[PDB]
Amino acid sequence: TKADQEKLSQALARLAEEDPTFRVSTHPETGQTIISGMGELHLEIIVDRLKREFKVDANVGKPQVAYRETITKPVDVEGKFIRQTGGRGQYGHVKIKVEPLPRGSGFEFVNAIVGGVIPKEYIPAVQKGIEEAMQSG
Amino acid sequence: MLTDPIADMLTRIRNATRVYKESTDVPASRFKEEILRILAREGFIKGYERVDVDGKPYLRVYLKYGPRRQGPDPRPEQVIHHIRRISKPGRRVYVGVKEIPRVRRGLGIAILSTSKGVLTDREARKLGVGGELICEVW
Amino acid sequence: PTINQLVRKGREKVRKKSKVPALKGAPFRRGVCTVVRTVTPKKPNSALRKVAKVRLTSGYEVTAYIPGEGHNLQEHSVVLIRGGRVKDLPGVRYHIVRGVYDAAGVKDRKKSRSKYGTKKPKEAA
RNA sequence: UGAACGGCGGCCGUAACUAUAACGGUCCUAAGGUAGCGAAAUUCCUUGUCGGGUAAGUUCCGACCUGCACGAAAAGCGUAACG
RNA sequence: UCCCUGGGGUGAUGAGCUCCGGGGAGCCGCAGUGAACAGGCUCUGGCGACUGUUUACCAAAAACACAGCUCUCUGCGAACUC
RNA sequence: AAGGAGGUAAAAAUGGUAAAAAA
RNA sequence: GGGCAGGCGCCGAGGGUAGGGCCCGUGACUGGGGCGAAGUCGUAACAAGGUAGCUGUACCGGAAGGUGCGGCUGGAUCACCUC
RNA sequence: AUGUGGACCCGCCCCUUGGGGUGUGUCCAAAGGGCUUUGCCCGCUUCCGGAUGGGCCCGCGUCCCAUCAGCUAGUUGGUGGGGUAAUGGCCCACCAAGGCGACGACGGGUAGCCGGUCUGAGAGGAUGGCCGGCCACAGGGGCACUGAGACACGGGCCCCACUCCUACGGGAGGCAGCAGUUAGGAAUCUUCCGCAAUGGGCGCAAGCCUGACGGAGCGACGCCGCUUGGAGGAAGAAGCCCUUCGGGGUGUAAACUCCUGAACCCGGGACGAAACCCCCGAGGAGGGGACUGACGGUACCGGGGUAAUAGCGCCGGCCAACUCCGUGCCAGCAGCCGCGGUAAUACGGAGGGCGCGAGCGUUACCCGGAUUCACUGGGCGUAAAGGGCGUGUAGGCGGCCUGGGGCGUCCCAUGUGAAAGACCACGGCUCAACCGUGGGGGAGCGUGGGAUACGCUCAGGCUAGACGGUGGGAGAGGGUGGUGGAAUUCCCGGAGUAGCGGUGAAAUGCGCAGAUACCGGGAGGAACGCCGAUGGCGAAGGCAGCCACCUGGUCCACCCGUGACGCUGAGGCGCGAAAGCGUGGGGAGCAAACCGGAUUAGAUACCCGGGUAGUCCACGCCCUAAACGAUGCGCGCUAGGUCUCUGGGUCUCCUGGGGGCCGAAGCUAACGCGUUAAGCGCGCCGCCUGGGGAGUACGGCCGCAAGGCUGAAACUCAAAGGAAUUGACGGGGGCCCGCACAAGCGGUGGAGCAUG
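Residue numbers (the entry's author numbering), protein chains in the order written: chain AY, 417 to 553; chain AH, 1 to 138; chain AL, 5 to 129.
Check the hints yourself; a few may be wrong.
[To be verified] Simulated pairs of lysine-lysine, PhoX-like, Cα-Cα distance not exceeding 25 Å:
(1) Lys116/AH x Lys98/AH
(2) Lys57/AL x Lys418/AY
(3) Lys28/AL x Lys423/AY
None of these hints come from the bench; they were simulated from the model.
Build the full structure now, drawing on both the sequences and the hints.
So this is what it looks like as structure tokens:
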């Protein structure tokens, strides 16, 4: 439990302050502080010293991975929000074409209005919901 | 009834003062007589005497007024500006020598009853004898 | 309350509450921390502000902020529990310092160097 | 006329992750199960899911509620004293 | 065990005899209500109100009983019943 | 019939519509 | 003569058995409350808010709300009995 | 043994808690050492007196929670005992029932107290570090001992834990002593010198121990003083910021000039130290000589001499100071209010300037402002708040007149209040900070005398407040029995037949199985029309036909009586709308819940049809509110004009008591109160201290239940709120008006066609 954790941040507080060497760096795209360093048996007897005079219960985990994602096809869809609540609606019919390109390119989008449809106040905020709903695959 | 025929007197005074009615009555007592004594005795009231109403001894008090000025209404000014009952029957004040107020710092008057009789600020301090602090007046 | 009742009872002293339980007499503390995030102040902002949870050397998961732009802080820093809420982050209490064990101010700062780190801008010229 | 024998619905959709559905539609009926209690002498999947109690708990208590098939006088619930 | 001591009772308000007792110190053992009779106890669910009543010949129970509740029938030749 | 005041009767078919804001 | 040791005995620290009393931390689950820009539903209060409102209370409903008893103006004017 | 003395014992004189003496009888002493020895130094023995510190005792003052209400059986008191320096149950025995409590016991949270100290005009709030006194602990607990003194920091025993030394048989240790290690924390130092000065212990001295003390070091942690320079020096050069291309600013600031001369070199050089000591005198007073510096050769004196550190917050208003690019509700400042959403004086950068300067900001902590728990110095009509109201316990306070008392109160004397600090004065180091001396003010309680004005205590008296006596009087004031009519549903009957019903419209509804409507008699229960009111009574919540019964409350008149019998009134008491409940009776109308109906998008609601709980009768139980005059109660004072209800008087009037309105003065922020005060004053109870959480939870008490009385907190927001003014706005209203209705005239919609 993460209660033992900050407790072992005190453990490290006297571990990273008696032996330079290693680097106690958390990962971003996953929680769990990572123990980086310059030695196999080194890191291991570190862990021993832990389970000796610091007694932590920490099922020494396998390092996790940051996983991005993508696609490979041109899909035309209908983002039609035909919903007229109690008068104000907030209805938004968005007709988008979506295109995919190389892994390493970057993020694109085009200021593409077929003639003059969607207001110029959605332009930097309709694509947000393209970005917004693209943090969660 | 009454808990303070003294402070009640002082009040009826305040009435006649604030209403401008030449004279007003207030029942028989020696102490009121002492006080009103002090009052005329420093040019404030117009006097007092042991009168009677219905068969009951009273003590009527006439009082002083100033000149009738114009402009902002005719209302002449008061002579007996204000009096405040200090030693209430809960705040039994007992001033002594080095004590004693200064009342309007210089003028006014303190009324205070001491070992010997009913004195005033300047008097009681001059005397060197003290007691209860009755009212203030200026 | 007529003198009597006043004497029988009492007009109680206001007391405080300390709108700032940094506690022990310790508004200076070892801010261990966890997380960073962003959060927003009422209807006219949006920023960063951390959350530094701290643990002090006595407890509490607070909301330790930061002295502004120029960050690193990751997860330890000894964020120096300090003090002062605003209309931002339902807390903003017990600020950070920069300097401490970590941060040491904005990369290049010319004013608030009394917390914003940078020593004495000797441009050596 | 129901402290009479008795009965006391189904199908679709809807909140800004998501999940859920106060909410609306709909075919049916005489009307669609109120409060309270609820994996119970009722729960099949089930040794259900969480929490305690243990070195370990299909048993037990507490709690969650998709009650296969609780429920109002074949009464529902709760109750100190007895068994 | 021994020293002292309280009141009921009978007889007299007492001797004797008897009931019920209070205290002080002292003696021996493994242990003294020394053997015979003689209760383990607490926590919490289930259900039933509770004492009880039932299957003589496998049952004692959460079934029946019950005080109590509503619903019905009975105007005296009661209605019910044989 | 002047006003003001003191107690008795009158009088809305239906309405959902928001909002950071501009001085 | 006694004295010291020794012997027994009083109180007694600590520990042990049981059951209370207060406080705190905590706990599946849960009531409620506060906070976040335009969420979904109705529109009760303020114009008689479109049924005058407000409320003690008791029964009811998705919810705000409703309604009976009574009370209260912080309710009501062609114009009705007077000041 | 010797026995001035001291001790006890029984008597005795004085005394009066165990103060001094005394008659009888017994117990007790002594230490001797030195030497210049026939004398003295140090010391001993018995007691009496001071000097000193402490023990015991009381007086007084001494934090928070009432959601801490009961506490106690060594408990309260005694006799006799034990023990201590000693009173005392502190401990034994025996024994009588007491002892503490809303003047807050008990329980718990918390704290070492003070002389002082920071803040505020002050009341006070807060605080108690170095320093001075009192207390308490020795790692935690008991424990005795030694002894003049202790429950003994560097002494003893035991137990506990804790840590170490060991050959693992055994043993040792307590830095809450002085530096120093380590954990802790954001943070609080040297493992230094001399006993030269003072002081403590010992010793005849010489002297010795002193981490007391007197000094050094470190840290801008505080206060204090001090240099980074002077003096000429430009319409002002350049460098840079700004600009409208004219310039402006930076700034005599800089450079150049002369001068002085921190730091630094050499030399001399401390006060801090004259006593103790030997010696002449006697070992006394006096007189002489001699020793004695840790700092440090630092202070400082003389001479030689170099211009020789500058930062920190701010520049939106509070709060003194603006221009320029960027940034673009992003990055961001922010004590408060907010500032930025592409021209930011608030962010970030740059010139300038405000401040402050060896310091400036930041947070934390406390006092103030905060008069914002109000004593000086607040409030309860509507913002926070009257307890629904009557009863009274205590308590709180009290009318006229005399005299005692001298408790409160006043005055002068006075003991103590140490020192230090506070103030003035003088002074010392070359100022300061800092220190040296003198003097006055000082709360407070002890002791003396005096004053009796005010409260009270005491005796006596008065009638103005209060009660009573007597006579008249008003009422829908409460408990009981009793009666009258109107009116609704219902039974029997009669007579009549196409509908009634209800509504905005209608329907559900009843009806040819004979309804709605009318008449004849019977049932029953519920509420009293008009009178009747802007009215009456009442403590409040309440009371409505009338008769009788019991019975309170109150009003005026007469001055007959009593003599302050008084006002309030924390708990306790009783009372109490309606709804709700229990046990029984009853039910006409009514009616929540419940069903139909119509309405709407929906109708669990308003409008309609039925219909139950319940609304009634008695006993009990709950006890709530807009219980609203939202205004406590009692009195006295301060304009009148009026409508009206009761009491008294020969009465077109006055006067007691009340009940509507107005408006002097006054009061209030305003509306509005204004002799029924929210005006001017005294007594007394309770209630309020930002909105929300919240009348929630907790504890505690009552309930049959639904609930109630008491009633916070964290956290959340910078507002909630009262009044009035404006302006809008309205499906409140009034008034006026127009081809609006009207009044009339010719049309549209229909046809074909034109065109939008």
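Legend entry - Violations among the numbered hints, reported as their numbers in ascending order: As far as the earlier hints go, not one is violated by this structure.
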